[PDB]
Amino acid sequence: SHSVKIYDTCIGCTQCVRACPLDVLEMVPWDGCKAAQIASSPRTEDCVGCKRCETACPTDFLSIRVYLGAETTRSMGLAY
Amino acid sequence: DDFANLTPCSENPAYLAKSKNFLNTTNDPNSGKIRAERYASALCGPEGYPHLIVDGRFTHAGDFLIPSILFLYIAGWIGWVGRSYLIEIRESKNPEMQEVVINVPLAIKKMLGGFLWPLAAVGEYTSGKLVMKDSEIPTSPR
Amino acid sequence: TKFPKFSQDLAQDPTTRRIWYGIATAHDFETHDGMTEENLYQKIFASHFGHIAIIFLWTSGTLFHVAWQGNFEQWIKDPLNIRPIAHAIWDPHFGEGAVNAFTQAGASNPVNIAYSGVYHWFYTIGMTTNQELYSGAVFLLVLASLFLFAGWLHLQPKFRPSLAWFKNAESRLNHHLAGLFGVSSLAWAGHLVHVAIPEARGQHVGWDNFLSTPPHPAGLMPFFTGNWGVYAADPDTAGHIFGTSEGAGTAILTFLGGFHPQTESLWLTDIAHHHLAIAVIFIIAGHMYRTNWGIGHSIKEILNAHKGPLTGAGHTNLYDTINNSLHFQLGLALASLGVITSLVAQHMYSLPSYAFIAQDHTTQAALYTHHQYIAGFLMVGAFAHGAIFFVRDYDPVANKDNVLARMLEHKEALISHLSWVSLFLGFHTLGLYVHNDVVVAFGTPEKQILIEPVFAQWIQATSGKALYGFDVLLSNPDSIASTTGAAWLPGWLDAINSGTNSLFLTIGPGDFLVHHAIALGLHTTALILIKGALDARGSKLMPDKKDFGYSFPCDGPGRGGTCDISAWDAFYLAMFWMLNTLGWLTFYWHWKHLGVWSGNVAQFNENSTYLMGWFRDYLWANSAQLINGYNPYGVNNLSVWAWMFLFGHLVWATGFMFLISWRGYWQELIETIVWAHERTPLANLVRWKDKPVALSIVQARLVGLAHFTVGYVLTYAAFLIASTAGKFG
Amino acid sequence: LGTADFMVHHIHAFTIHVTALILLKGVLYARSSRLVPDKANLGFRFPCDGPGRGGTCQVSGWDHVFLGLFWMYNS
Amino acid sequence: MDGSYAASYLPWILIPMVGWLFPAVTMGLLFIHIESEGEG
Amino acid sequence: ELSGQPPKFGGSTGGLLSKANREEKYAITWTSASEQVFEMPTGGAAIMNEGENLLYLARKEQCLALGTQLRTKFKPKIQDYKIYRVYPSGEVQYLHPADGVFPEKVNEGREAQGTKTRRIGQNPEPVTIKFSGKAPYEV
Amino acid sequence: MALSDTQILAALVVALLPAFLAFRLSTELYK
Amino acid sequence: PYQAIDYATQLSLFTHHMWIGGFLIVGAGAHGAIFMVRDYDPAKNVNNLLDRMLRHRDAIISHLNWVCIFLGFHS
Amino acid sequence: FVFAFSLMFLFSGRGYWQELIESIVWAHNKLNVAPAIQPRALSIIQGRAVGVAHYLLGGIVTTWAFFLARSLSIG
Ligand code: CLA
Ligand code: CLA
Ligand code: CLA
Ligand code: CLA
Ligand code: CLA
Ligand code: CLA
Ligand SMILES: CC1=C(/C=C/C(C)=C/C=C/C(C)=C\C=C\C=C(C)\C=C\C=C(C)\C=C\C2=C[C@H](C)[C@H](O)CC2(C)C)C(C)(C)C[C@@H](O)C1
Ligand code: SF4
Ligand code: SF4
Ligand code: SF4
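Chains as they are written, first to last, in the authors' numbering: chain A, 2 to 81; chain B, 24 to 165; chain C, 3 to 731; chain D, 527 to 601; chain E, 1 to 40; chain F, 3 to 141; chain G, 1 to 31; chain H, 377 to 451; chain I, 677 to 751.
Because the hints were derived from the structure by calculation, they are not lab data. Ideal Cβ positions, reconstructed from N, Cα and C, are used throughout, including at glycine. It is possible that some hints are incorrect.
[What the hints assert, rightly or not] The calculated label-pair distances, taken between Cβ atoms and stated as ranges, are:
1. B/47 - H/388: 28 to 36 angstroms
2. I/735 - D/528: 24 to 32 angstroms
3. E/19 - F/118: 52 to 60 angstroms
4. I/742 - C/586: 23 to 31 angstroms
5. C/683 - F/75: 38 to 46 angstroms
6. B/61 - C/586: 28 to 36 angstroms
7. I/735 - C/729: 30 to 38 angstroms
8. F/92 - H/416: 32 to 40 angstroms
9. C/651 - F/134: 48 to 56 angstroms
10. H/388 - C/683: 47 to 55 angstroms
11. C/7 - I/742: 50 to 58 angstroms
12. H/388 - D/528: 20 to 28 angstroms
13. H/443 - C/7: 38 to 46 angstroms
14. B/46 - C/264: 46 to 54 angstroms
[As the list claims (entries may be wrong)] With a cut-off of at most 30 angstroms between alpha-carbon atoms, the simulated DSS-like pairs for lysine-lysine come out as follows:
15. B/156 - C/542
16. F/21 - F/10
17. C/7 - G/31
18. F/21 - C/693
19. F/118 - F/107
20. C/449 - B/41
21. F/21 - F/84
22. F/10 - F/84
Construct all of the structure, not just a fragment, from the sequences and the given hints.
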């Protein structure tokens with residue numbers, strides 16, 4: 002499956018979680034930003050790698066990065 | 024003895040044979056004769072067409088040097104007026120809007136001041152604000 | 003699933019992609035699962051043994067097929083009037099017309115006509131009988147067996163080399179310079195003097211009597227007494243006939259220069275002294291680096307000493323960078339090999355070495371095109387693997403402030419000035435070509451812009467070309483350079499001033515324009531490859547590209563779009579420009595040599611100044627015989643070449659739809675096909691094991707490029723061979 | 527009309543049916559598909575969905591038009 | 001399809017194996033190997 | 003276990019395939035306040051009935067697309083849908099929402115996953131980690 | 001002079017040896 | 377009058393209006409997908425012909441793909 | 677010509693051109709002549725549209741010139 006990493010430059014705008022179509026991301030409490038919340042990727046085995054979360058991130062460089070890796074049936078998003 | 028393979032067009036038999044039937048480029052009926060006269064002083068090959076020699080020699084300065092100077096002057100004019108207009112509009116409040124909607128007064132004011140572009144360029148280089156320092160330019164990660 | 007055993011993430015893939023990617027990463031040993039440095043090096047050692055064995059088997063097969071189904075013994079009796087035969091034809095799908103058409107060159111069965119020029123090579127090196135070819139083939143079989151066994155042996159546990167053995171640069175350089183390069187050249191010189199020259203002078207020399215036949219009459223005493231000039235006295239006269247004793251001298255090392263009057267090729271004794279001298283120089287060079295005695299240089303201290311006040315750290319720490327990185331070494335080797343392959347082509351079309359090979363125009367054109375294309379491929383690969391090194395093996399802290407780091411510092415200046423030079427060449431070359439086209443089309447070809455290539459003509463004069471009246475250096479009879487009493491000067495000046503060869507062909511405005519176009523192509527391909535290599539680590543759009551590897555599809559439609567931001571994509575784009583530049587190069591070479599061989603140089607001279615002449619006089623005019631290989635009326639020997647011409651056009655077209663149409667369309671189409679298969683009775687009994695999916699983005703680009711390149715090569719090869727064979731062959 | 531006319535007319539039929547296939551797949555699958563089930567929300571003119579799902583290049587209806595233009599040219 | 005070289009009968013039998021027998025056997029072996037589930 | 007009247011649908015060719023009975027399928031259940039027309043993610047329009055509903059789909063993405071349509075394109079917003087994974091043996095795994103609170107809003111008791119204590123520019127160089135089965139982000 | 005059938009057969013038999021060695025090398029490299 | 381004997385005019389007219397027709401057909405294929413993405417509303421289309429088309433679209437596309445392959449192959 | 681020119685846009689992507697534009701922007705910035713309207717590589721959809729437009733233009737113009745010359749040269 003693909004890997005999703007969230008770095009300490011997150012501002013907790015929650016756009017990445019909203020943009021995710023397969024419910025891979027989550028919002029957890031934090032303290033490094035003013036919003037006091039950071040993104041997380043618990044359900045990372047369902048990620049397909051559409052990079053919508055990366056597109057939604059407004060930081061100078063993406064505070065959320067997706068590294069495509071091993072391909073499963075879920076990762077390929079196959080219906081057969 | 025230079026260019027033993029290139030003969031003057033005034034004596035090259037192919038050029039003289041083909042210059043009688045020169046086509047008229049414009050509505051003037053003797054434009055072909057004028058072209059034949061003007062090209063009879065060049066260096067023609069075995070097939071009778073003029074060849075331009077560009078090695079620095081001043082006997083053939085008309086081939087490259089004079090058009091080179093003309094083009095360099097014109098291109099420097101264009102570049103200098105463009106750069107000056109850009110730098111001038113950069114201090115305003117909407118530099119991007121003046122990029123698509125040209126400030127014709129200021130545009131023409133810079134248009135007419137470009138004939139002294141070499142003096143302005145050398146003064147710019149000596150003043151040190153023609154070229155920015157490497158540490159003041161955004162750069163991509165190595 | 004077992005396959006692929008070297009990657010677990012691929013083995014757990016349930017789709018057909020596992021089959022594809024497993025092939026693509028098979029020979030990438032670094033990224034294999036649980037791979038160490040020592041295992042990597044030993045596996046590479048064995049694989050290199052394998053490639054060498056394959057090369058020897060290929061050469062043995064060439065020899066065997068030529069000796070078995072060829073006409074070598076008949077060809078040597080008349081090299082100027084008999085077509086060499088490559089291999090026999092056995093095709094049950096043939097018809098009567100094809101059988102009649104392909105029975106050529108005096109054979110009794112359908113045969114092919116060899117264009118690799120191996121007959122001339124075998125004749126020049128002394129092979130004259132079929133049994134000699136057969137013995138060579140068997141010996142090469144044995145050699146390949148020995149190398150395969152050597153790979154197996156040095157792969158065994160007791161014979162596995164250590165990491166320290168592989169990282170011994172000094173000993174490897176010494177042995178491979180003095181031994182691999184020097185001793186081999188000395189052995190070839192000995193073969194030429196002991197065997198090749200006597201056979202060229204009519205004396206048969208073989209394993210049976212080469213011990214009782216001295217090369218020189220007064221032999222082996224002057225070499226030790228120092229009276230070497232004895233071996234240069236009595237050279238082959240101008241009336242010598244190759245392979246006979248008529249007019250043949252006794253010298254074995256000369257400096258005659260020029261070409262043999264009959265074979266139009268370099269003198270054999272000149273080759274002997276040349277390879278002997280370079281063998282001596284290489285053996286001297288091979289005693290340079292310290293290995294385990296007191297004497298000898300060490301590369302590390304030489305590199306760490308040559309540092310200046312402008313480059314900062316200079317060449318410091320470069321030894322570790324080159325030694326630890328295999329991709330750096332591969333890139334350096336590929337660059338050098340490509341440069342010397344281009345050199346082989348350029349110095350082999352103009353200075354033929356094999357007897358009667360200058361008169362076989364088809365083989366000359368084929369050899370030039372082949373080795374130039376090989377050189378282009380190697381030159382692309384050098385930059386590709388250098389970018390791979392920058393992605394993987396480059397350590398910024400170790401190579402700090404040295405030349406390697408300084409490259410990445412002014413990389414923006416590099417790319418900007420390279421873009422400027424590419425644009426500057428392209429704009430004013432296309433402008434001149436289009437201006438000439440428009441002016442000629444309007445019926446007034448006198449107003450063309452024709453620039454004489456003054457500088458190249460001056461260089462030709464400096465070498466001795468007395469046609470332009472420059473009267474400089476070697477063309478100057480009173481210059482000190484022309485009054486040194488050099489033994490090669492008369493022959494070289496005779497050959498260069500003769501218009502019957504390709505030695506420094508005459509040039510004109512068309513050659514000027516096409517050489518500047520070639521310069522544009524070279525600088526543009528270099529621009530693409532260099533920007534890819536320098537931006538491989540990262541750019542403003544992707545500051546962290548190195549984390550994503552060398553080859554990845556994209557980074558999605560966000561942040562602008564990405565779409566071929568990887569360095570692999572830079573290589574993929576540069577392949578097209580390499581092919582285009584090679585096409586321009588080969589078109590120029592082929593048209594100029596067609597004019598030279600037919601004697602109609604004026605056609606090229608006055609028609610290459612405008613692009614319509616290129617389109618009409620070269621492409622349209624020379625396809626008349628090729629496309630008529632098979633007609634509604636019959637079939638001639640060019641039928642196979644016409645079929646391959648159309649085949650190449652077809653494959654070139656087919657690559658376009660892997661290059662243009664992209665994945666999602668085919669993915670949805672395959673979804674529909676999967677539904678159709680699963681819903682069909684009597685077909686539901688058969689089911690797939692790997693879920694069918696569309697090809698990946700990078701795989702699609704690779705497959706499109708592969709079909710494209712195959713079509714390009716096949717089309718041009720067919721056209722060139724057919725045109726030259728019909729015109730001259 | 528002879529053998530050549532037969533071959534060319536059926537070639538015409540093949541090319542026309544293929545162009546119709548491309549445009550019909552564009553029209554019918556513009557709303558959604560098994561690969562991307564929400565293409566309608568992405569719009570009509572979007573380049574892709576991403577490198578995920580193996581690669582989702584040229585899935586919009588506009589891309590189907592872009593692909594059908596070439597086949598119309600060929601036919 | 002008929003030749004005058006020595007041992008002209010060899011291509012009559014060698015080419016089919018290189019044409020059919022060897023490609024088919026290689027196809028079968030590779031297909032079995034790449035599809036053999038497990039054990040790696 | 004899983005209860006709800008299936009929405010009235012005429013049947014389409016875009017539905018499940020052998021993967022549903024071989025690997026897994028997905029189920030989405032929601033409470034509708036009125037029998038009204040909604041859009042199948044697999045193609046077509048079907049009416050959903052007042053009360054409980056239950057729909058079987060082939061992919062999690064299809065289920066979440068249907069959930070998005072339910073949440074956005076209906077004035078009586080349907081925020082109560084639940085997405086489960088149904089295995090061929092019979093096991094049903096609750097997938098969405100995880101803890102009953104939508105992931106968009108922060109809820110206490112969650113655990114950070116995949117979070118790195120550095121920024122994207124501080125990743126290690128590949129040359130320092132080569133010949134090990136690791137990637138710069140994996141470290 | 002042209003070859004004989006025995007020469008071709010002997011060449012085949014000789015080439016049978018590098019085939020066996022190449023098979024061994026391939027099996028060793030796969031390991 | 378005098379058009380049939382002017383072969384250039386015949387060829388030009390045929391090819392010109394041929395190209396115009398092809399472009400317009402492709403434009404139909406495009407703007408239909410535009411309608412489907414934007415103006416199609418499932419609420420007003422229940423069991424009507426449009427919905428039935430959207431239901432057996434896989435069968436249509438599969439059979440059309442097969443006929444395209446068959447035509448191209450044999451011709 | 678134009679057909680071949682179109683193969684610039686159909687065969688390539690926009691990240692390469694974006695990086696090249698980054699380098700050229702650095703060049704223009706060194707001389708303090710950088711434009712206020714930041715230059716960007718064409719979008720993916722725009723790239724495809726430009727490629728298909730120039731491709732069709734080149735092909736159709738080639739066919740038009742060929743047909744007109746042949747038909748005017750056959751009496
Ligand atoms: C790689 C070199 C090479 C190549 C390309 C060919 C090519 C050909 N040979 Mg040939 N041959 C070669 C070497 C080669 N030969 C050698 C060294 C021998 C001596 C043992 C022979 C003996 C031979 C005979 C006796 C006959 C041919 C025939 C033929 C033709 C039929 C196709 C074929 O090879 O299958 C048939 C031939 C073989 C199976 C010979 C065995 C192949 C050699 C010995 C091993 C090559 C392995 C190679 C390096 C593997 C590379 C792997 C790579 C693709 C990944 C064809 C033109 C036939 C012919 O003339 O038809 C018209 C025929 O009857 N060959
Ligand atoms: C239906 C069309 C057709 C077919 C089937 C053939 C078949 C043949 N022709 Mg032929 N030919 C044809 C049309 C055809 N021809 C036409 C129209 C012409 C023009 C008139 C010719 C002109 C012609 C000439 C001039 C010659 C042939 C020869 C041959 C033979 C070559 C032997 C061979 O293929 O083994 C060798 C097989 C290969 C090299 C395989 C290459 C293809 C694959 C894809 C490459 C491998 C990729 C990959 C590594 C594969 C992995 C392994 C795989 C098992 C998975 C073969 C019998 C030659 C011959 O008789 O010598 C023996 C020969 O000299 N033909
Ligand atoms: C005298 C001792 C000696 C010799 C002869 C060799 C020879 C070789 N070593 Mg080597 N080696 C040595 C000592 C030696 N080594 C030592 C001491 C070490 C340890 C420090 C190594 C460590 C080592 C490694 C680690 C490797 C080798 C490899 C190789 C082979 C590379 C293939 C090659 O270059 O041939 C082909 C090239 C030539 C013969 C010359 C190059 C051609 C020139 C440059 C240009 C062409 C000239 C001419 C115009 C072309 C002919 C034209 C003609 C066809 C008409 C080669 C056979 C590689 C291998 O795996 O091979 C099995 C390899 O990876 N060596
Ligand atoms: C001595 C030469 C040499 C060596 C040892 C290597 C070694 C390597 N290269 Mg390299 N390369 C070379 C030359 C070389 N290359 C050249 C000349 C080029 C330019 C073309 C490249 C371009 C290149 C790229 C772009 C990449 C590599 C990569 C690699 C690495 C492994 C992947 C690989 O190539 O296997 C897998 C190779 C293949 C699957 C090759 C498939 C292509 C087939 C052979 C084409 C067949 C054509 C077809 C059969 C024609 C049929 C004709 C018929 C119809 C008649 C490996 C370190 C890759 C890497 O990054 O790894 C670190 C990578 O991305 N190389
Ligand atoms: C015949 C087709 C063709 C042409 C003309 C070009 C031209 C160019 N390519 Mg290119 N390319 C092509 C095919 C082509 N490519 C293909 C098939 C590929 C494979 C995908 C590539 C891949 C490629 C890469 C990867 C790169 C280029 C680059 C370049 C530029 C280098 C500068 C140069 O060569 O001269 C200067 C340019 C020209 C002579 C072209 C201008 C021609 C016109 C006629 C000038 C006048 C414009 C005209 C007035 C506009 C009127 C429009 C109006 C009617 C609407 C140039 C713009 C490089 C680049 O950007 O360099 C900076 C680069 O990085 N190309
Ligand atoms: C009756 C005819 C007609 C009408 C009224 C419309 C109306 C519309 N179309 Mg449509 N279309 C048509 C025919 C028509 N189309 C045809 C025949 C095609 C197939 C090619 C298309 C393909 C099409 C697409 C793919 C798209 C539209 C879109 C649109 C909408 C406006 C946006 C637009 O295209 O403007 C902007 C127009 C341009 C930017 C065109 C300028 C560039 C052209 C192509 C250059 C032409 C060059 C010329 C032929 C030769 C010049 C040579 C040069 C050297 C001088 C609008 C609803 C867009 C949309 O989504 O709207 C909802 C959209 O994406 N149309
Ligand atoms: C000042 C200015 C600008 C900027 C200008 C800048 C920054 C310029 C920078 C230039 C640099 C850094 C380097 C320039 C190098 C120039 C070289 C190397 C010139 C070489 C000339 C040669 C080799 C002449 C050759 C022969 C000379 C001879 C006369 C014949 O022909 C024959 C022939 C062709 C051989 C702009 C661009 C911003 C705007 C402009 O309007 C003005
Ligand atoms: S790549 Fe797509 S599926 Fe994966 S986490 Fe990001 S938005 Fe979700
Ligand atoms: S979009 Fe980026 S900044 Fe916003 S919450 Fe997600 S990771 Fe943090
Ligand atoms: S390569 Fe394909 S998936 Fe990636 S950004 Fe471009 S269009 Fe989208």
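Hints and how they fare:
no.	hint	result
1	B/47 - H/388: 28 to 36 angstroms	31 angstroms, holds
2	I/735 - D/528: 24 to 32 angstroms	29 angstroms, holds
3	E/19 - F/118: 52 to 60 angstroms	58 angstroms, holds
4	I/742 - C/586: 23 to 31 angstroms	24 angstroms, holds
5	C/683 - F/75: 38 to 46 angstroms	39 angstroms, holds
6	B/61 - C/586: 28 to 36 angstroms	34 angstroms, holds
7	I/735 - C/729: 30 to 38 angstroms	32 angstroms, holds
8	F/92 - H/416: 32 to 40 angstroms	39 angstroms, holds
9	C/651 - F/134: 48 to 56 angstroms	49 angstroms, holds
10	H/388 - C/683: 47 to 55 angstroms	54 angstroms, holds
11	C/7 - I/742: 50 to 58 angstroms	57 angstroms, holds
12	H/388 - D/528: 20 to 28 angstroms	27 angstroms, holds
13	H/443 - C/7: 38 to 46 angstroms	43 angstroms, holds
14	B/46 - C/264: 46 to 54 angstroms	51 angstroms, holds
15	B/156 - C/542	20 angstroms, holds
16	F/21 - F/10	23 angstroms, holds
17	C/7 - G/31	10 angstroms, holds
18	F/21 - C/693	11 angstroms, holds
19	F/118 - F/107	21 angstroms, holds
20	C/449 - B/41	13 angstroms, holds
21	F/21 - F/84	21 angstroms, holds
22	F/10 - F/84	19 angstroms, holds
The structure is consistent with each of the numbered hints, conforming to all of them.
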